[PDB]
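See below for the structure under consideration.
A selection of the complex's chains, in situ.
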């Protein structure tokens, strides 16, 4: 099976720790998936960050066990003239273990940054065998 | 089944509204797919934009029914010292049973920018289904 969740905005937040991106959540157990592998793609094509010291955003794919994979974008100037849109994609292939019932997207601030999604973003998964 | 289209260049264009990226289309009808879902990825790993006011490019996945998903990159300086390469990927899942006959990659300008692809880019799809519910 294939799974998909998409949003067209998220509340603007800051957080020093990972917080859920609302709506980017896949219920793997509800899909009847209890083993095998899932290729998970977190696609945030048009984010930006605001801040005062090389802003950016750390993104994660998380399961019941916590963060399984992470990454980030950051700007290359201390205070960008304009905080441009920085497409971001993270792929992680995970084993659906007895204890994996969901996958979700999360994010946290780089250097105090406020985190912005104001258009399409998605979390997708395709199941397969090893 | 897997579907793929790829290109290694496109003409430089400026367009206020969405226009096809030449070569990036999947003829779903000809493939003989009339049900289930496609996970579609538009991958433009090395584009750049030129312009006068924080240049950038919007990209979209469209079907015969319209635009399904879109996004953009933009630079962080008004007139960048050099317009660097800004990898872009867009992922959407579409229901072929709704009447879908094709999938296309499209683009349009941010703030009047000219749009540049001069190397590999792709539009890909993997067929599958939602798991049944009881």
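For reference, chains read A and B in written order, and residue numbers begin at 1 within each chain.
Just so we're on the same page, contacts are C-beta pairs under 8 Å (C-beta built on N, C-alpha and C of every residue); 3 or more make two chains touch, one makes a residue touch a chain.
Trainee: Tell me how many copies the full complex contains, given that 2 of them appear here.
Mentor: Copies in the complete complex: 3.
Keep in mind that, in the parts below, only the chains that are shown with their structure count from here on.
Trainee: Nearest whole angstrom, what separates the Cα centre of chain A from the Cα centre of chain B?
Mentor: The answer is 20 Å.
Trainee: Which residues, counting only chain B, touch chain A once they are in their complex?
Mentor: Within the complex, chain B contacts chain A at residues 37, 39, 41, 54, 56, 59, 69-78, 86-93, 126, 128-132.
Trainee: Under the touch definition given earlier, write down the residues of chain A that touch chain B in their complex.
Mentor: Residues 1-4, 6, 31-33, 41, 43, 45-46, 75-77, 80-87, 89, 119-120, 122, 124, 126 of chain A touch chain B in their complex.
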